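**Student:** Single-letter residue listing:
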Amino acid sequence: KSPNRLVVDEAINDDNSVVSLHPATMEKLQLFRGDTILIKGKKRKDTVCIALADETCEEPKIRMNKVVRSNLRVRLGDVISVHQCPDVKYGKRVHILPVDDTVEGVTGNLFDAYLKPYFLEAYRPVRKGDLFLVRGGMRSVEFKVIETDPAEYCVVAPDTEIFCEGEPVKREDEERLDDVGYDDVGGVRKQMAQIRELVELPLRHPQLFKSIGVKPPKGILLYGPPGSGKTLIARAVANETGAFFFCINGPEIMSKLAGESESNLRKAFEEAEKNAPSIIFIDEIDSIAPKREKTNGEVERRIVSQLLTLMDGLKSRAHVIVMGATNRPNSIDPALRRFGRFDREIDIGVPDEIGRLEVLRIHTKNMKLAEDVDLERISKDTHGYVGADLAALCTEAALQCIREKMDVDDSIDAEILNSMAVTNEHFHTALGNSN
Amino acid sequence: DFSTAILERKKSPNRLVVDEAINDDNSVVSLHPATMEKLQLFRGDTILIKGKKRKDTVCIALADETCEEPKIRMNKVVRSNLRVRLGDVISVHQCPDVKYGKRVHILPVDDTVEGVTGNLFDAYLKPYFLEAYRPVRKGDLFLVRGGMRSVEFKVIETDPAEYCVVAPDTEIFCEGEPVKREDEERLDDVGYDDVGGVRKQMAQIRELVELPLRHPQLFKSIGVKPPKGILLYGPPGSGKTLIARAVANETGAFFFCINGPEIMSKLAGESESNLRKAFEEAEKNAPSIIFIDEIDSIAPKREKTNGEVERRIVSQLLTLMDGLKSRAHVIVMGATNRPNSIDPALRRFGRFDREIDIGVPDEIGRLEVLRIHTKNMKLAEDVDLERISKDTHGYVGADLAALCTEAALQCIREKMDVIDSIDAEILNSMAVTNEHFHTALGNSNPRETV
Amino acid sequence: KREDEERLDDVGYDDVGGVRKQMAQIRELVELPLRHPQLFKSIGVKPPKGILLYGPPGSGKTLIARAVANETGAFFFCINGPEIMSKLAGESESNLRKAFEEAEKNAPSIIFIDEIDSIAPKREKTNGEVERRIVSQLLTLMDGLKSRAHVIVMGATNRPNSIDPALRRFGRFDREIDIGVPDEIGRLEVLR
Amino acid sequence: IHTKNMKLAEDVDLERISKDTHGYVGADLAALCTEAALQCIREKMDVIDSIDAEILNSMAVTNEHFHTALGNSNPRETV
Ligand SMILES: Nc1ncnc2c1ncn2[C@@H]1O[C@H](COP(=O)(O)OP(=O)(O)O)[C@@H](O)[C@H]1O
Ligand SMILES: Nc1ncnc2c1ncn2[C@@H]1O[C@H](COP(=O)(O)OP(=O)(O)O)[C@@H](O)[C@H]1O
Ligand SMILES: Nc1ncnc2c1ncn2[C@@H]1O[C@H](COP(=O)(O)OP(=O)(O)O)[C@@H](O)[C@H]1O
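Chains as they are written, first to last, in the working numbering: chain A, 1 to 435; chain B, 1 to 450; chain C, 1 to 192; chain D, 1 to 79.
A portion of the hints provided could be inaccurate.
[Claimed, not checked] Per the computed footprint, the stretches of chain B lying under chain D, defined by three or more beta-carbons under 8 Å from a beta-carbon of chain D, are:
no., region
1, 215-227
2, 391-404
[To be verified] What the simulated footprint calls covered on chain C by chain B, stretch by stretch (three residues with Cβ under 8 Å from a Cβ of chain B suffice, anywhere in the stretch; the number is not a length):
no., region
3, 27-38
4, 164-172
[To be verified] Restraint ranges, calculated between C-beta atoms of paired labels, are given here:
no., chain 1, residue 1, chain 2, residue 2, range
5, B, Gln204, D, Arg16, 23 to 33 Å
6, B, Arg186, A, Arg337, 57 to 67 Å
7, C, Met85, B, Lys277, 43 to 53 Å
8, A, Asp14, B, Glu131, 36 to 46 Å
No lab work stands behind these hints, which were simulated from the structure alone.
Think of the CB as a built atom: it goes at the ideal place given N, C-alpha and C, for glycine as much as any other residue.
Can you build the whole structure from these sequences, using the hints too?
**Tutor:** Rendered as C-alpha cells:
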C-alpha cells in the first residue's frame, strides 16, 4: 500500500486548501511544491489540495486542518491515500452557497464580505460537494461547493465566475466546522498532549485492547481555576476523536429530587455505554461527590457512593472514558482517586505570557484587527487572566468597537461588519472594565 | 444561467422516485417499460444508480407494467446500498462497462455470524451467485437467507476494480475474520416486507406518517398541521409493535419505545419523570416516533383507575400530548388490545386524532405472514403454505410466527441426532416437512362477530 | 460426609406420577434450551421463556418444577407469591429483580414462581397502588429477559382465570400446561 | 372558515359537503378541510425539493380531494 498511504496529523498553518508533507515523501511520490494533489478519505469522499514541503512533518504523516479532515470524513490518526491529478484546469464558473445554520441573522451580500477576499490571488483548488469555513465580521460562515466548471474539480482563478444565487443549503450528515477542536484550546500544550495519549488509543482503536490483555484508563481528573478551559478540553477531545459526548453537570444533578439525582446519574452512565466509544464529562464534580466530613446530608452521601459504584461497575470493554472537572481538588472525596475510578489527574493551571497570547489569537480569529493592535503586549499585561478572562476581553473589545464605529434597522450588514477593525483603544477600554 | 439550468433540469426522466419491490432480489431493480424506452435501457441490462451520501450501486433493470412511470421498484438491500429510503429520488445512469469478475473478496458482518460455524461459501454465497450473473460493487452489503437465519456480507474488493458481474468463472474469496459493522443499520431490521395481512392498514399509516417524517420542513411553508397521535387497535400478537418498528426503520425516524408496564413498574413520580424524559428525547432527536405499547396500562378509563398517583399519570400523558407541537416533528403511536378500556380523553383532537384497527388476518393475510417466517427456512415440496393458511383460521401474526419456529425446532430434533454445535452448510440443507408443520399445529394455543 | 455430589433422594421424573403427557410436553420445551444452550446461538430460533402450570393445590406443580431443574442440572431459583408479598413496599420489587438477576448469572436456570396469582393478579382484583407496581415489575422483568440469558420462567397457579391476562402475552408466558386431577391409572402411579 | 386560505375549484360545492357531513362537529369539518388540502398537495405536486408561495397559491383543492377526505373520516341527537 505504501508510500501513497499516509497518517493524518495537525496542520501548523490553518489553510483550507493547503496540505503539508515531508520533502522526502514528495520526492518518493513525485510531487512538487505548489502542485495540486487528490486526497482520498473515508465514506467514499475525496478532496483536492496544494501540496507543500515541511521538514517538521513526519515522513509517513500528512499535515491538514479541520476543514480538509471534515471534507475527507477522517480524524487525526486515520490513514488517507495521496494521488496525483493532471485534470486540474482553472475554473470557468463555480456555484457556492452558505450553510443556513451558519448564516442565521446575517444580512447583505456574502461574496464581498467572505468569498471575494477568500479566493483573491489564492488560486484555490475546489471540489464539488466540499464545505469550507471563512472567518470575519465577528463570526464564521460555512460554504458548500454546489457545482464546478469544468466538472468535479477546478482551481478558482481571477477569471473564474463565482455564482452565489440561491437559498442557503441545509446541513446534512456532516458536523459544524465551527465545532470545538484542538486548535481552539491554548496555553495547555503539555496537558493536551498528556490527555490525547491517554484517550486517543482507547477511543480511536477500541477493538485493539480486545486482543491485548492491557486495560487502559477510565477516569481522568482535570484541575484548575474556573474558566481555565476544562469543559473546552473535554469537548475538544470528544469532537477530535468522534467519541459520544455526554455531559453530567454537578449542580444539574444536585438540583433534582431525592432518587431522581441517582436515576439521572445511572442513566447518564448507561447512555454512554450504549453509544460508546464515549466521554462522560462530569462538570463541577465537587457538587456531587465532595468530602465525607464537609457534607452531612443523608441522600447526599448516597449520591457520592452511587458515583463510586458507577465508576467501579464500568468496564474497560465498555469503551467509556470519564472526565471529571473541579477547581477545588482538595474538596473532592479521596475515594475517587482510587485505582479503578479516577486513576489519572491533569493540572490545567493559569496560562503564562506565551499561553495567553495563544488564547488571544483564538478569540480574534473572526475579528478584524488593526496594525495598532499588539496581542503580544496584551498577554504581557493580562498576568492573572485565565482562558475565559482573555475570551471576555476580546468580546468586550469587540462590542466596544461596534458602539464606537457604528451609529444608526438593528440588522447590520456582513460587508460592513467585516470592514470594522478592533483597535488598541478598544482593548485598553476592555482592560479597564475588567479585573 | 449555467448552474441554474443544471438544477432546473433535475426533472429528467433519469430522476425517479424510490418505491417497494414486488420481487425481493438484491441485484434487480424494476422500472416501467415506457420509462426504459425514454432512458434507452433494455431488460436485463445492468444500470448504475446513484443515491445519497455520494453512494452508488449496479443493478439489473427489468420492465414492470405495474411500476409507475416516474418511480423505481427496489428492495431494502438496494435502498440501503444507495443511502436512500422509500420516497427519495435517485438517478439512473447507463452502465456499459460491466465486465465479468476475475476475483471478488466477500466477508460476512460479525453481528450476523454470531454462533455460526463451517464454510460460509457452500452454505450461502455458492447458491446465491449460481447462474444469477449478479452485478457487484465494492463497499456494498447484501443479505443471504438460509439455515434458520440470514447472513450480511460485505464486498471487500472486485477485479476489475470498483464493479463487476459475478460469473461462473469468477473466483469468490471469503476467508478471514468477519468485518465489524460501521455507520450502517442491520439489513435484517424489520421493514414493510416483514409485516403481512395488513395491506390497507399499512397504506393508511404510511400516508399519515411519510409526509411529516420524510419531509418535515415542508409543513413550515404550508399552514397545515399534520397528525400527532395514532391509535393502533388489535388482539395481542397482531403486529402492532412490529408495524411501529417497521414504520420508524423505513422512515429513518428516531424510535423511542414507552412500555405501559415499564412506566407503571417505577415508583411514584419516577413514572411521570420517565414519561416526560421520553417525550423530551423524541423532540431532541426528531423526526421521531414515540411508541407507547400497552397504552391501557398507563392512561386507562377514569372508572378503572383505582389509584391516586395512577390518575396523575393519565393526566401527565394528556398534557404531554397537548404540549407536543407539529413543529416538533414527533408522531406518537399508541397500541392496545382493549380500545374500550382506554381513557376517552386520548381520542380528543390534538392528542390521538386517528385510529387504525389491525384485526385478525384472513386466509390471504395468513399466507403472507407464513411466507415471512419461512424466509430463512428450507421448505420441502411437500410443504403447502396455502393449505396451512386455509387451516389456521383464527390465528394472529404471532400464532403463525410461533407455528413456523415450532416446525423449525421439530425439524432440528427429527433430522439431527448427535453433533456436539451445528455448522451452516448442514443447517442450510435440512428441510422443514409438512409432518413438522402438522406436529406444530397439533400443539398450538391460538373469533369475529357482527 | 457428602462431597461434590447431589442427593440421590432428590426429586426426579420418577417421583412425578399421573402427568405422563404433561411431563413429556414440559420436557420437550425445556430440555433443548437448558441442556444445549449454545445450540440456539448457531440457530436463529428463539425458544420459549415462560410456562404457566395450571392445576388444583397439591397436584405437583412445585414438584414438576424441581424435577425438571434437577434432571436438567439447571440452577433452581424459587420465587414464592406470599414470600414476595409479605415484604415491605419496594423490598418486594427489589427481591423480584434480584431473583431474575441471580438466575441470569447462574444460567442455565429455572425461575419458579409459586402461587403466581399472589403477585400479578387481574387489574380488577388489584385493590392496591403498590400491588399494581409489582404486577408491572413482573411483566417488564419477563420482557427484559432475553433468550441468550438461558433462563426459563415457570409460573404456577390453581386460579388460571384470576391471573392477569397480560402474562399470557408472546414474550412472557407463551405456553400453558394444565395438570389436572389424576385418573385411576395416574393415582396408582402416585401410590407407588 | 377552514377554506379561507385555500384555493377552491368551481367543482367544489361547500353546500353539498354540509348536506353530507351530518353528525360532524367543528373539528370534524376542520379536519376534512386539512385532509383535502394535503390530498391536493400530494396529488398536484410531484418532486420540488420546499414549495414557494406563487405555486402554493395556484393549486386548487378539487371535489375529488374532498371526496377522498370524506372516505377517510372519524366523526347523534335524541329527544
Ligand atoms: N485555553 C483556552 N483556550 C481558549 N478558550 C478558553 C480557554 N480556557 C477557557 N476558554 C474559554 O472560556 C470559556 C469558559 O471556560 P470553560 O470551557 O467553561 O472551562 P472551565 O470548566 O475551566 O470553566 C469558554 O467559552 C472557553 O472557550
Ligand atoms: N402482521 C404480522 N406479520 C408478520 N409477523 C407478524 C405479524 N404480527 C405479528 N407477527 C410476529 O409475531 C410477533 C408478535 O408481536 P407484536 O408485534 O408485539 O404484536 P402486538 O404488538 O400486536 O401484540 C412479532 O414480533 C412478529 O415477529
Ligand atoms: N403428581 C404427583 N406425583 C407424586 N407425588 C405428588 C404429585 N403431586 C403431588 N405430590 C406430592 O404431594 C406434594 C404436593 O405439593 P406440591 O408439589 O407443591 O403441589 P402443587 O404445587 O400442585 O400445589 C408434593 O410435594 C409431592 O410429595
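**Student:** So, for every hint listed, does it hold in this structure?
**Tutor:** Okay, the hints, checked on the actual structure:
Remark: the region 215-227 of chain B is confirmed as covered by chain D, as 9 of its residues place a Cβ nearer than 8 Å to a Cβ of that chain, reaching the required three. Only when three residues or more bring their CB closer than 8 Å to a CB of chain D does the claim for the region 391-404 of chain B stand; here the count is 0, and the claim is violated. For the region 27-38 of chain C, the stated coverage by chain B is satisfied: 3 residues place a CB nearer than 8 Å to a CB of that chain, which reaches the threshold of 3. For the region 164-172 of chain C, the proposed coverage by chain B is satisfied: 4 residues have a C-beta within less than 8 Å of a C-beta in that chain, meeting the threshold of three.
At about 26 Å, the beta-carbon gap between B:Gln204 and D:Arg16 stays in the expected band of 23 to 33 Å. Take B:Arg186 and A:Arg337: their Cβ atoms lie about 42 Å apart, and the range 57 to 67 Å is violated. The given range of 43 to 53 Å is broken by C:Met85 and B:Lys277, whose C-beta atoms sit roughly 31 Å from each other. For the pair A:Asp14 and B:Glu131, the supplied restraint of 36 to 46 Å is violated, since their beta-carbon distance comes to about 57 Å.
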